[PDB]
Structure formats: C-alpha cells, structure tokens
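Visitor: Here is what each chain is made of, one letter per residue.
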Amino acid sequence: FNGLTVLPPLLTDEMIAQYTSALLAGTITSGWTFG
Amino acid sequence: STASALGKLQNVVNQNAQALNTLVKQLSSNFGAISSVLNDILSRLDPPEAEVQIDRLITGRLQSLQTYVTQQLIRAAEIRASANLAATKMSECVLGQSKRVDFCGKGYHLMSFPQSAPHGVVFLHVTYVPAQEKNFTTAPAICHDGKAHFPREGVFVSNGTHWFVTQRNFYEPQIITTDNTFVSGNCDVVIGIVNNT
Amino acid sequence: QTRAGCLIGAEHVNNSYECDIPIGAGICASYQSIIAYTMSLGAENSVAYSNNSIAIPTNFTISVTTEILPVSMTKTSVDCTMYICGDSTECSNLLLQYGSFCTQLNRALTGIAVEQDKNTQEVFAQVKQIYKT
Amino acid sequence: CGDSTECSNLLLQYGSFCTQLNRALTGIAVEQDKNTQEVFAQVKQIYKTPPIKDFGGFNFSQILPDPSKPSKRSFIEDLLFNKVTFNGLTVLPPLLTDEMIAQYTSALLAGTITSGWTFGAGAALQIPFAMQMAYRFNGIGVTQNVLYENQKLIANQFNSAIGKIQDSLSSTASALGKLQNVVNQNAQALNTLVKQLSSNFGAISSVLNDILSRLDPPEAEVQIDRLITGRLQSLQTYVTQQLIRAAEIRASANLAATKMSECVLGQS
Amino acid sequence: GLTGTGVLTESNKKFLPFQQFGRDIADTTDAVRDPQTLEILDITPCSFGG
Ligand SMILES: *[C@@H]1O[C@H](CO)[C@@H](O[C@@H]2O[C@H](CO)[C@@H](O)[C@H](O)[C@H]2NC(C)=O)[C@H](O)[C@H]1NC(C)=O
Ligand SMILES: *[C@@H]1O[C@H](CO)[C@@H](O[C@@H]2O[C@H](CO)[C@@H](O)[C@H](O)[C@H]2NC(C)=O)[C@H](O)[C@H]1NC(C)=O
Ligand SMILES: *[C@@H]1O[C@H](CO)[C@@H](O[C@@H]2O[C@H](CO)[C@@H](O)[C@H](O)[C@H]2NC(C)=O)[C@H](O)[C@H]1NC(C)=O
Ligand SMILES: *[C@@H]1O[C@H](CO)[C@@H](O[C@@H]2O[C@H](CO)[C@@H](O)[C@H](O)[C@H]2NC(C)=O)[C@H](O)[C@H]1NC(C)=O
Ligand SMILES: *[C@@H]1O[C@H](CO)[C@@H](O[C@@H]2O[C@H](CO)[C@@H](O)[C@H](O)[C@H]2NC(C)=O)[C@H](O)[C@H]1NC(C)=O
Ligand SMILES: *[C@@H]1O[C@H](CO)[C@@H](O[C@@H]2O[C@H](CO)[C@@H](O)[C@H](O)[C@H]2NC(C)=O)[C@H](O)[C@H]1NC(C)=O
Ligand SMILES: *[C@@H]1O[C@H](CO)[C@@H](O[C@@H]2O[C@H](CO)[C@@H](O)[C@H](O)[C@H]2NC(C)=O)[C@H](O)[C@H]1NC(C)=O
Ligand SMILES: *[C@@H]1O[C@H](CO)[C@@H](O)[C@H](O)[C@H]1NC(C)=O
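Chains as they are written, first to last, in the entry's author numbering: chain A, 853 to 887; chain B, 938 to 1134; chain C, 642 to 673, 689 to 789; chain D, 741 to 825, 853 to 1035; chain E, 543 to 592.
Calculated directly from the structure, the hints in this document are not laboratory data.
Please note that a few of the clues may not be correct.
As the list claims (entries may be wrong) - The calculated BS3-like cross-link candidates involving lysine-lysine, where the alpha carbons are at most 27 Å apart (straight line), are:
{"#": "1", "chain 1": "D", "residue 1": "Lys1026", "chain 2": "D", "residue 2": "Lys931"}
{"#": "2", "chain 1": "D", "residue 1": "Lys919", "chain 2": "D", "residue 2": "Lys931"}
{"#": "3", "chain 1": "D", "residue 1": "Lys812", "chain 2": "B", "residue 2": "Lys1043"}
{"#": "4", "chain 1": "B", "residue 1": "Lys945", "chain 2": "D", "residue 2": "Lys784"}
{"#": "5", "chain 1": "D", "residue 1": "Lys945", "chain 2": "D", "residue 2": "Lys919"}
{"#": "6", "chain 1": "E", "residue 1": "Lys555", "chain 2": "D", "residue 2": "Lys962"}
{"#": "7", "chain 1": "B", "residue 1": "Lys1071", "chain 2": "D", "residue 2": "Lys945"}
{"#": "8", "chain 1": "D", "residue 1": "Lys809", "chain 2": "D", "residue 2": "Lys823"}
{"#": "9", "chain 1": "B", "residue 1": "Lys1071", "chain 2": "D", "residue 2": "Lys788"}
{"#": "10", "chain 1": "D", "residue 1": "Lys823", "chain 2": "D", "residue 2": "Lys784"}
{"#": "11", "chain 1": "D", "residue 1": "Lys788", "chain 2": "B", "residue 2": "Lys945"}
{"#": "12", "chain 1": "C", "residue 1": "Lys788", "chain 2": "B", "residue 2": "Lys945"}
{"#": "13", "chain 1": "D", "residue 1": "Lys784", "chain 2": "D", "residue 2": "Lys774"}
{"#": "14", "chain 1": "B", "residue 1": "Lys1043", "chain 2": "D", "residue 2": "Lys931"}
{"#": "15", "chain 1": "D", "residue 1": "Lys962", "chain 2": "D", "residue 2": "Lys784"}
{"#": "16", "chain 1": "D", "residue 1": "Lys812", "chain 2": "B", "residue 2": "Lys1084"}
{"#": "17", "chain 1": "C", "residue 1": "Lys774", "chain 2": "C", "residue 2": "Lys731"}
{"#": "18", "chain 1": "D", "residue 1": "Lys774", "chain 2": "B", "residue 2": "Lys1071"}
{"#": "19", "chain 1": "B", "residue 1": "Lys1043", "chain 2": "D", "residue 2": "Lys809"}
{"#": "20", "chain 1": "D", "residue 1": "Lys1026", "chain 2": "B", "residue 2": "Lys1043"}
{"#": "21", "chain 1": "D", "residue 1": "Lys931", "chain 2": "D", "residue 2": "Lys793"}
{"#": "22", "chain 1": "C", "residue 1": "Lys731", "chain 2": "B", "residue 2": "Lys962"}
{"#": "23", "chain 1": "D", "residue 1": "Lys823", "chain 2": "D", "residue 2": "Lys945"}
{"#": "24", "chain 1": "D", "residue 1": "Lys812", "chain 2": "D", "residue 2": "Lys793"}
{"#": "25", "chain 1": "B", "residue 1": "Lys945", "chain 2": "B", "residue 2": "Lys1043"}
{"#": "26", "chain 1": "B", "residue 1": "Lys1036", "chain 2": "C", "residue 2": "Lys784"}
{"#": "27", "chain 1": "B", "residue 1": "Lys1036", "chain 2": "D", "residue 2": "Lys1026"}
{"#": "28", "chain 1": "B", "residue 1": "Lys945", "chain 2": "C", "residue 2": "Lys784"}
{"#": "29", "chain 1": "B", "residue 1": "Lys962", "chain 2": "B", "residue 2": "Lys945"}
{"#": "30", "chain 1": "D", "residue 1": "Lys823", "chain 2": "B", "residue 2": "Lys1036"}
{"#": "31", "chain 1": "B", "residue 1": "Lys945", "chain 2": "D", "residue 2": "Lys809"}
{"#": "32", "chain 1": "D", "residue 1": "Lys774", "chain 2": "D", "residue 2": "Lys793"}
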C-alpha cells in the first residue's frame, strides 16, 4: 500500500454475536414484551 | 451444501477490492509525460522542464483520486439505504408480529430469528401456509322464522346435506346456533339467502 | 436472427421453458447442444369460480425461509500527498499551489467511516440488557 | 477518437478509464432489468378468469384484457399507451417485452378478482365476490350486514367511478407527468452529450482529419491531447449524472414493488 | 472537401436548388449532393456493435 490504510470497525464480531444471542434469548423467553 | 447463496456480501467485497486495485494500478501511467516515475524525470532534465513534466503526472493522479472518492460516495449511499431497511426489518419482524403482507416471509408471518454475517445480517422467517383444500357450497345468510342470520365470524358451508359454520382459515364445522350468529332485518333484500333452521 | 441481434451456434426450437441465460427481447437460451427459445411466464390454470362455491383448507405446513442483507463495508483512508507525490519535495511544493484539495478528499472518507459505524450500531444495538437463556 | 490510429495510441497512455465507464453503464442496464422483473413478477402461475362473468353486479370490462386486439391489452392500458408518446452510442432492448408485462398484470388481476387475498400466501381459493367484499368491509370496522343490504347501490357507485376514471384520463392531458419527465431528461442528456462533440476546447479546430492534414505530427499531438482531455471530461460528467438518476429510479421502483405487494395482494 | 466514412444510398429528399448538404440535428451530416450528377445521396454509418 502506498498511502492508503484500512481502519478496523468499532464493534468486534464477538460483540455482534453477543447482541444476536441477547435478542434471540429475549424473543424465546419473553415473547414480544421485552421490546 | 449449496454455494452461491451469499451473493450480495461477496459482491460488495469484490467491488471494494476492485476499486482499490484499479486505484493503485493507476500509478503506472504517463498521462502524456515522458515517464511514470518521478526520480528519472528529476534526474534526466532541468527544473524549467522537470516541472512541466511533473505537472501532467500531478493532474492525472488528482483526477483519478477524485473519481475514486465519488464512486465511494455513491456506493456508501446505497449501503446506507440497505442498512436502514435491515434495521426496520429487525425492529418490526423480530420484536413483534407483522401484519403487512410479504414484508418478512412468504405466507402468514409467525416469527423471526436473527443471525450475524461478516458484513450483514440473516433473518430466518417462520411462517404458516395452509394446505389440503376441499370444495364446499356456501350462502351469505340464513333465513329462519322470517329473520336473517349472519355469522359473528366465520362462514356458512354445507357438505351437500346439512349446514355448518366454520372459521375462515381451517375447516372445523359446528352446528349453527343462536350464539354464533346475529340477526338484522327480514329475508327479503339479500341475494342468495337460503332456508334452514 | 433475433430482435437483439444475430446469434450463431445455437438451434431454435418451438417449445418454451423457463429462462436460464437471458438474451433479450423475450428470448433466451439453455443447454440440452445449445437451444434458443421464447420464455414461458409460468404454468397456466383456470381457477374454478362460481357464485356459490368456496374452498377451505384442512391442513397446514410451517416454513422457514432466509433473507440476507448487507449493512456495512470496509472503512478506508488515504494520505493524499503520499499517494500523489511520494517523497518528493519538489512535487510537494508544486502541489501546494493547487489550493485546498486534500482536506475535502479526507472529510468525505471520514464521513463514510463514521456512517459505517453508525449503520452497524443502529441495526444491532436494540436491547437495553443482555438476556440469557 | 472515431477511427484515428494516432488518437488511439495517444489515448492508450491514459490508463484504464473507459473500462470503468463501460462497467458502470452495464451495471445500470442490469439494474433496470432487475427493477422491472422484481416489480412485476410476483406470481407463480398464470391465472385466467372464467368465461361467464357474474361478479355480483360489478363490471370489470374496462380493465379486463381485450382479446380483439393482438396486444391483448385493456381499454385503460391502450389509453395510457396512446396518451404518452450516431457516434458509438447504442440502445439495448429490455428483456421483458410488453406483452409479457400485460400478461403478468392480467394474471394478478384475475387472481385478485377470483380468490381474494388467498393466492398471495399459498394456493388460490375461490370465493364469490360479494363474500369477499363483505370480508373487506368487516376489515375496516363495518358489519357485513351493511354490504349485503346495499349491494346494488355499491355496485352502481363503483361502476360510475370506474367509468369516470376513463374520461378523466382521456380528456385531460399532462396526467402522466413523471414518465414524460424521465424520458425528456434522458433525451436531453444524450442530446447535450452528442452536442459537445463540436467544441474546440482551445485547440485550432474540432476535426481530427483537418488537424492531421495541416500540422506536423509533433505539433498535431498537442491539439489532439487538448481535444482528448475535454471529450473525456464530458463523458465523465455524463456518466456521473446517469448514476445519480439510476439511484433515484431504483428507489422509486422499490416503493412501487412494496405498494404492489401490500395493497394488491392484501388489505392495508 | 467534406470528408467522412459510411455507406451511400439513394434518397428522396428535395433540396432547394442552392444547398449542398444537410444535417438532421446535433449537427451530423445525413445527405449530400454530388457536384457532377447533382443528385441527393444519403449517408448511413457503417454497422458496429458488441
Ligand atoms: C354431512 O355431514 C353430516 C354430519 O356429520 C352427515 O350426517 C351424519 O352422517 C353420519 C354418517 O353418514 C351418520 O352416522 C350421522 O347419523 C349423520 N348425522 C345426522 C344428523 O344425520 C352427513 O352424512 C354428511 N353428508 C355427506 C354427503 O357427506
Ligand atoms: C348464481 O348463479 C346461478 C347460475 O347462474 C343463478 O341461478 C339462476 O337463478 C335464476 C333465478 O333464480 C334462475 O332463473 C336460473 O335458471 C338459475 N340458473 C340456472 C343455470 O338454473 C343464481 O341466481 C346466481 N345467484 C345466487 C345463487 O345468488
Ligand atoms: C323458504 O321458506 C319460505 C316460507 O316457508 C318460502 O316462502 C314461500 O314461497 C312459496 C313459493 O315461493 C310461496 O308460495 C309461499 O307463500 C311462501 N311462504 C311464505 C310464508 O312466504 C320460501 O320460498 C323458501 N325459500 C325457498 C328458496 O324455497
Ligand atoms: C372443485 O370443483 C371443480 C369443478 O368441478 C373441480 O374440477 C375443476 O374445475 C376447474 C374449472 O371447471 C378445472 O380448471 C379443473 O381442471 C377441474 N379439476 C379437475 C378436472 O380435476 C375441482 O377438482 C374441485 N376441487 C378443487 C380442489 O378445486
Ligand atoms: C396434515 O399433514 C401432516 C403432514 O403431511 C400429516 O401427518 C402425516 O400423517 C401420515 C399419516 O398419519 C404419516 O404417515 C406422516 O408421517 C405424517 N407426517 C408427519 C410430518 O408427521 C397429517 O396426517 C395431516 N393431517 C390430516 C388431517 O390430513
Ligand atoms: C360493462 O360496461 C360496459 C361499458 O364500458 C358495457 O358495454 C356496453 O354495453 C352496451 C350494451 O351491450 C353497449 O350499448 C355499449 O356500447 C357498451 N359500451 C362499450 C364501451 O362497449 C357492458 O355491457 C357492461 N357489462 C355488463 C355485464 O352490463
Ligand atoms: C459534367 O460533365 C459530364 C460530361 O458531359 C456531364 O454528363 C453528361 O451530361 C449530359 C448533359 O445533357 C447528359 O446528356 C449525359 O448523359 C451526361 N453523361 C453521363 C451522365 O454520363 C454532366 O452533366 C456535367 N455536370 C454538370 C453539368 O453539372
Ligand atoms: C418450428 O420452428 C421452425 C423454425 O425453428 C418453424 O419454421 C416452424 O414453423 C415451427 N413450427 C412447426 C410446426 O414446425
């Protein structure tokens, strides 16, 4: 590379997996009330 | 097993990579000058001509950079539109049950589950689809004792000999009763009323 | 000879199937040799309509389908002067007299990167707490 | 360049510019085809209406396909179609000819007439039209009793309104402003692009042959470069405008697809 | 003195007795009159495509 850089994303994929797990557990256990 | 299913994410990655590749490849063009490297132009001429040669390289590279930036802006706008749609789907079809037809799924929506992907999201939609139909004869109202009866909810059907009321999306006959029907007027202005008890 | 041009190497038939490799003007080709034909929009049926007859389901099925959506792309940045001059003082001095160009070419990219982060955060961060099964 | 070997050789040293332009234009064309196919192809089978038509007094003749004309279009579609009416540039035909589009619309309309909203979810289930109207009244908070006791009046009102629509379209002009605007904008863009091919851009002339047959090649190359840069810039501007317009059209097409899915296959 | 490539066909336009050629729009020549026989010829670009 000749003066071009790639920046890393703020949220690592582990955090995204954690969000998806939280959402899915919530919808399994509490219906739509947690929304 | 099956491949070529995640076409969109691969397409995005390929487009970005190709844009960077052509941008870096552009650094090997004369743009009308004598060479594509600065050192040789510096070492093979005098300043009054070296600057003339350098100016062409400068303007060409600047133009290429501008083109790259504009392409990036357009593609970013499109990606933002897609992300807004994804957020709306996550809010409406995961945290609730949606009534707008075909918004998330093909059928009557029941629920949805999210999953993550390298640069996007995947929705699993769980829907309900009816099957195994059957023909029936119907009528809009029942005339009895000179009065007209309509179903509270459901529909009148007959298997050729007797009449029943059913819910509209699943066959489940029941005997017509004064508890699942209501009355309004006499049986004179309705087109297709039938006689029963 | 077709409305889209001239086609060599394929045989024209009189049937009609689904479209595999679109060609144009309503015709496309497939492999059996290579054949070219007119598209068929789908199967034909005449639903049995009458003014005193209905159809009611007696069973059901449950289906799971997938949808895929992109929400982000890579964040990149460019050092204008290193790309355009690359360790040359004379080039830098010559570039100086083109006014303010480099700041504009960086504000856009920074906006793009911030937008990517905002996109991901808006799509995924929708719960106050972290629930567990 | 236009059949000028010297121009081509001079252009070679400008790197890969026009490859990107061709890529962008091909992307635009593919997107157009996708837009049309995604808006209109929303059914699995080609439904057909029965020969004998007794829809409780409602009259759909103005909208149903007309077998007399070869196009098999309807009255309103014919009115709509009649109401609105080189140097290396080409126009490619669309993938779906308008007969197939008319067939799709006919199939959708026959399905919604005969099977309510059922065909949008699974297999189409027949239902007499008056019962479907009763369901739809019940869906907005009015009991079906009201429909069944006022059938003739409702049918007459619907027939009168559908008759009035045709007069409104036929008499008044400029109703199809948006489609005409799109066509005019595209035509004007092409016209100005091809008009730009007659500018000196500070050179001595605007014809390559005249420059070639008048100057020494070491002097002619400068004029050739001066022409090349201006023509390239004009092409770039045209491509960028096309990209913006295509994005706008795609947004409109997505909205149209949503409307077709929600307001035709169901009650909103 | 007017140069260009293409295919020349017979046409049926009616020039006034003093024009020498014609252009349709965007200033592209479409017809010429031969200086000797004095008849109108039509110009069509040579075919091309991808
Ligand atoms: C329509 O449904 C009714 C209700 O089940 C049927 O009547 C019953 O038929 C069974 C078997 O034929 C008898 O054992 C019952 O005694 C009948 N009930 C009454 C109240 O008569 C009827 O046979 C069905 N008709 C058809 C054509 O399927
Ligand atoms: C539904 O359609 C049938 C058949 O077209 C209609 O039945 C006709 O009714 C009239 C008046 O009662 C009779 O004169 C005809 O002879 C009947 N047709 C046949 C073929 O016998 C019926 O009126 C329609 N409407 C309903 C049932 O509400
Ligand atoms: C439903 O029942 C009523 C009453 O039993 C029928 O009305 C009779 O119709 C006949 C011939 O149309 C007349 O001769 C009688 O005078 C009527 N009686 C009354 C009390 O109005 C009615 O026809 C029946 N419905 C059908 C479809 O047969
Ligand atoms: C329901 O009744 C119809 C009418 O008898 C049955 O037959 C179908 O009728 C339609 C229109 O007349 C035809 O397009 C079909 O091909 C007929 N089906 C055949 C011949 O098998 C129909 O089968 C009955 N059942 C259902 C589920 O529709
Ligand atoms: C509704 O459909 C289901 C699935 O097709 C039927 O369940 C099947 O029943 C047969 C006979 O009892 C079994 O051999 C299959 O193994 C069953 N399938 C499954 C997935 O369990 C069910 O019988 C149908 N219901 C009715 C009333 O027809
Ligand atoms: C539905 O409406 C059309 C009008 O568009 C009716 O067609 C007319 O029919 C009458 C009687 O046959 C003719 O005198 C008119 O010339 C027709 N109009 C046109 C424009 O052709 C049609 O009859 C109506 N359908 C029904 C069942 O009444
Ligand atoms: C140019 O000269 C030629 C040679 O004479 C002319 O051609 C002939 O013109 C006479 C005039 O009546 C005709 O009778 C001959 O048939 C022509 N010969 C041909 C066509 O081979 C030509 O007309 C002259 N061009 C002009 C006067 O504009
Ligand atoms: C079949 O196709 C050929 C050409 O492909 C055509 O000449 C002919 O009319 C078509 N129909 C029959 C019945 O042969």
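Visitor: Each hint needs a verdict: does it hold in this structure or not?
Guide: Evaluated hints:
1. Between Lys1026 of chain D and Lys931 of chain D the alpha-carbon distance is near 24 Å, which keeps this suggested pair within the 27 Å criterion.
2. Of the supplied pair hints, the one linking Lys919 of chain D and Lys931 of chain D holds, its CA atoms being roughly 18 Å apart against a limit of 27 Å.
3. With a C-alpha separation of about 31 Å, the suggested pair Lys812 of chain D and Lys1043 of chain B falls outside the 27 Å cut-off, and the hint is violated.
4. Between the alpha carbons of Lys945 of chain B and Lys784 of chain D the distance comes to roughly 24 Å, so the proposed pair stays at or under 27 Å and holds.
5. With a C-alpha separation of about 37 Å, the suggested pair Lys945 of chain D and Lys919 of chain D falls outside the 27 Å cut-off, and the hint is violated.
6. The hinted pair formed by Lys555 of chain E and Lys962 of chain D meets the criterion: a straight-line CA distance of about 24 Å does not exceed 27 Å.
7. Of the pairs offered as hints, the one joining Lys1071 of chain B and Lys945 of chain D is violated, with about 47 Å between alpha carbons and a cut-off of 27 Å exceeded.
8. In summary, the hint linking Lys809 of chain D to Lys823 of chain D is supported, as the alpha carbons are separated by about 18 Å, within the 27 Å threshold.
9. At roughly 20 Å between alpha-carbon atoms, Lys1071 of chain B and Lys788 of chain D fall within 27 Å of each other, so this suggested pair holds.
10. As the CA atoms of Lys823 of chain D and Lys784 of chain D are separated by approximately 32 Å, the hinted pair breaks the 27 Å bound.
11. A threshold of 27 Å between alpha carbons decides the hint, and for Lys788 of chain D with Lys945 of chain B the separation of about 36 Å lies outside it, so the pair is violated.
12. For the hint pairing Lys788 of chain C with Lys945 of chain B, the CA-to-CA distance comes to about 32 Å; that exceeds 27 Å, so the pair is violated.
13. Note on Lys784 of chain D and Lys774 of chain D: the hinted pairing holds, with a Cα-Cα distance of about 17 Å set against a maximum of 27 Å.
14. Only pairs whose Cα atoms come within 27 Å are accepted, and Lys1043 of chain B paired with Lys931 of chain D is rejected, the gap being roughly 36 Å.
15. Distance restraint check for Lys962 of chain D and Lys784 of chain D: the Cα-Cα separation of roughly 47 Å exceeds the 27 Å cut-off, and the hinted pair is therefore not satisfied.
16. At roughly 48 Å between alpha-carbon atoms, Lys812 of chain D and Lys1084 of chain B are farther apart than 27 Å, so this suggested pair is violated.
17. A C-alpha spacing of about 12 Å is found between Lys774 of chain C and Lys731 of chain C, which places the hinted pair at or below 27 Å, so the restraint holds.
18. The hinted pair formed by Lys774 of chain D and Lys1071 of chain B fails the criterion: a straight-line CA distance of about 38 Å is larger than 27 Å.
19. Between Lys1043 of chain B and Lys809 of chain D the alpha-carbon distance is near 36 Å, which puts this suggested pair outside the 27 Å criterion.
20. At most 27 Å may separate the alpha-carbon atoms for a hinted pair to count; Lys1026 of chain D and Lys1043 of chain B meet this at roughly 16 Å.
21. For the given pair, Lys931 of chain D sits about 22 Å from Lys793 of chain D by alpha-carbon distance, which is consistent with the 27 Å threshold.
22. At roughly 20 Å between alpha-carbon atoms, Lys731 of chain C and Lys962 of chain B fall within 27 Å of each other, so this suggested pair holds.
23. Between the alpha carbons of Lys823 of chain D and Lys945 of chain D the distance comes to roughly 13 Å, so the proposed pair stays at or under 27 Å and holds.
24. Between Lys812 of chain D and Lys793 of chain D the CA atoms are separated by roughly 18 Å; this keeps the pair inside 27 Å, and the hint holds.
25. Among the hinted pairs, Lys945 of chain B with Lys1043 of chain B is consistent with the structure: their alpha-carbon atoms are about 21 Å apart, no more than 27 Å.
26. For the proposed pair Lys1036 of chain B and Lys784 of chain C, the alpha carbon gap of about 26 Å is at most 27 Å, so the pair holds.
27. The hinted pair formed by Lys1036 of chain B and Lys1026 of chain D meets the criterion: a straight-line CA distance of about 14 Å does not exceed 27 Å.
28. A C-alpha spacing of about 31 Å is found between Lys945 of chain B and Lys784 of chain C, which places the hinted pair above 27 Å, so the restraint is violated.
29. Between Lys962 of chain B and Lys945 of chain B the CA atoms are separated by roughly 26 Å; this keeps the pair inside 27 Å, and the hint holds.
30. The hinted pair formed by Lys823 of chain D and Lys1036 of chain B fails the criterion: a straight-line CA distance of about 38 Å is larger than 27 Å.
31. Proximity of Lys945 of chain B to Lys809 of chain D is assessed by CA-CA distance (about 43 Å); at most 27 Å being required, the pair is judged violated.
32. Restraint check: the Cα-Cα separation between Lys774 of chain D and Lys793 of chain D comes to about 36 Å, which exceeds 27 Å; the hinted pair is violated.
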